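Below sits a lone chain in C-alpha cells, taken as the form deposited in one PDB entry.
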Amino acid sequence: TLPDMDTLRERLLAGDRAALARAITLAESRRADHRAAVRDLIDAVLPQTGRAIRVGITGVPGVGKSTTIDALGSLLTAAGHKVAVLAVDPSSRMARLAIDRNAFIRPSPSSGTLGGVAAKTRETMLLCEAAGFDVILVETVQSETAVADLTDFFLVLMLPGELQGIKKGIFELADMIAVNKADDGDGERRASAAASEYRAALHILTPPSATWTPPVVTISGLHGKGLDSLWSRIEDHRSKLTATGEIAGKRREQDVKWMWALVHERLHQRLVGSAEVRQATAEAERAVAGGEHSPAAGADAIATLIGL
C-alpha cells in the first residue's frame, strides 16, 4: 500500500535526484500515510542534514531577485556546489538555473497557514540537505520574517534608489544589502551612491559588539557583476558565526519555532476540516475584526468548537 521507503531513502542519500523529487511529491499528496511516510523519512535522515549554507533572499518585485538567484546559483554550481532554490509564498524565470542538473528548484508548499508553509519549507530543506545539497537558497514570493527565520544568512536586495524600498521592519534584519543593477557605466555610480545611503543607515543601527557587521554591496544580477564578492561575504559570515556557535544557536531556535508552527497548522486543519466548524470559526473572527465581540470572547467560542 505504501512504496518501498527504505529503498527510496537509500537512493536519496546516495544522491538520486528522482528520489528527492519523489519524496517531495509524496509530501504533497492527499493521502495522510504518504505524508506521514515522508515525515518519517526526514526524521530518519536527520543526522545527514545541516551541512549546507542556508541563505534567505528577499526584495521588492522588480529588484532583480529571479535574475540574481539564477546568476548566483549558476556561479555556485560551476564551482562544484549543489544548489536548491525553495520559494515561500503565503498565497500557498531562473531559466538557466532551471536546466542545470546540479540545481533543484521548487515552488512554495501548500498549507493552511503561513507558519505551515514555512515549516514545510524547513522539512524540504532538510530533505535537500540529506540528498547532498550544500547551498539552500530560500526566496520570498509575512514571508520576509519567515524566510529570515528559515535561514542562516538574510540577504536583502534593493533597487538603486515613493514606496517602501523593502517592507517596514525588514531592512534591519539584513546580514547584507545588495544594491542590484550596478550595470557598466552610470548604473555603477548610481548603485554605489545608493549603497552609501543604505550603508549609513545600517551602520547607525549596528552595534560594534555585533559579531557580524552587515556589508552593503553593489551587484548586477543581469551582467554577473559582484557575485563572487557577495558570496565570499556569506562564506565569511558562516566561518565567523560557526566560531561563536551563533549559527547552531539560531538553527535550534528556528527548528522549535517551526515545530510549534506545525502544531498550530494541525489546529488550523481541525478548525477548517468541517463546514460547521469552519463557518463558526469565520463568524467568531469576523465578530472580533468588526468590534462586535472581544478577542477573548471570539477565542473561547473557537476553543469550545473543538473541545479545547
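Positions refer to the first chain, counted from 1. Only the largest set of C-alpha atoms that superpose within 1.5 Å between the two forms is called the rigid core. What changes on going to the form deposited in another entry:
- Of the residues checked (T206, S110, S196, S229), the rigid-core alignment between the two forms shows a Cα shift of at least 2 Å for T206 alone.
- Remark: with the core as the superposition reference, the CA shift of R31 between the two forms reaches 2 Å or more.
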Second form
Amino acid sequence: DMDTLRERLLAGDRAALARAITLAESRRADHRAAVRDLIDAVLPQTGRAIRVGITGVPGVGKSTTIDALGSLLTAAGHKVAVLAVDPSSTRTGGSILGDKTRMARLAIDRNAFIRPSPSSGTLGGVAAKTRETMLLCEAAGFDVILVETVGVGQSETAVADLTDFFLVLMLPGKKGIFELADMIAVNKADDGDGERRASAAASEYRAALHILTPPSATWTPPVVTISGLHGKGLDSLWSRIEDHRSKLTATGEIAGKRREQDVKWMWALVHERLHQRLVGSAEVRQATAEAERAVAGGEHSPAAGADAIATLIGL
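Show the form deposited in another entry, please, because up to now only the form deposited in one PDB entry has appeared in this conversation.
What comes next is one chain alone, with no partners or other molecules.
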C-alpha cells in the first residue's frame, strides 16, 4: 500500500524507505511509475540535509574516512546516508547486497543507511536514480547525505552535480578533479611523521589551487590534513562543510545550485528513456549499434549516424 509506505517513510521507518528506493531504482517502468507520485508527494519534506560528494583514488582511505566521519556524525545525533555512484552499474544489473562492510561501524549503525550504485542504461540515469534516492532518504529524516564515487570510471562530475559540496581525498605520496573540488583533504597524515609530509603536500595543493578561479566569491576551497584511520582532523573538516552550508545558504547559492542540478537530472531522465528505445528490440539494437560503429569507425558522418538512429527509434 503506497499510502502506508508514504506515511511510514515520512515517519522514518527504515523498511518503508528501503522499499520505496527498490521501486525507484527498478529497471521496470511500471515500478518506477508507481512511486513517482510518492516522491513528488514527499518533496516538501526533502532538502533539509547537507549533501556531500566524496571522491579519491582506490587506496586513499576513502571508506575508512567515511566510516569514521559518519560515526562521528551519528554520535552527535545525525542520520547519515551513504550512496554510491559506479559507472559500471550501466553494465551489471546493480547489486543486491552491495559492499556495506567496507565501512564496518556504519554498516551496523541504524542511524546510517548505505546503498550501492543503482542500475540504469546511462551514467545520467544512474545519477538521476541516485538523486531520487537522496530525496527519499531526506524525506525519511536523513540530514547528512554522502555520495561517493566508486570504481574507476568517470563518475566525479555526476557526483559533484548530485551534491552541495565536493570533497576530494588525496594521498601524501584525473585532471578535472581539482576544479570540481570545494575542499581537498590530504589523508594518512599520521601522528607519526605522516603529518609532516601531508602538511607539505597540502602546501603544494594549496599553492596550485590559488591559480584556479572558484565558481563563487562566497567560498574559497581550502586544503586540509586528516587521518581517517585515527580520526584526526575529521571534526574540523566537518566544520568547514558546515561553514560552507551557512554561507551559501545565506546568499541563496545552495538553492540555486540544487535547482540547476534538478533540471539537469530531469533532462538526463528524458535521455535515459530515449536510450531505452535503442534496446527496444534486437533488430533496433543491432541497427543502432552499427550506425554508432560506422561513425566511430570513420565510415559515415555524425549526422548520418544521427539520422539513421533517429529513424530507427521513431524520431
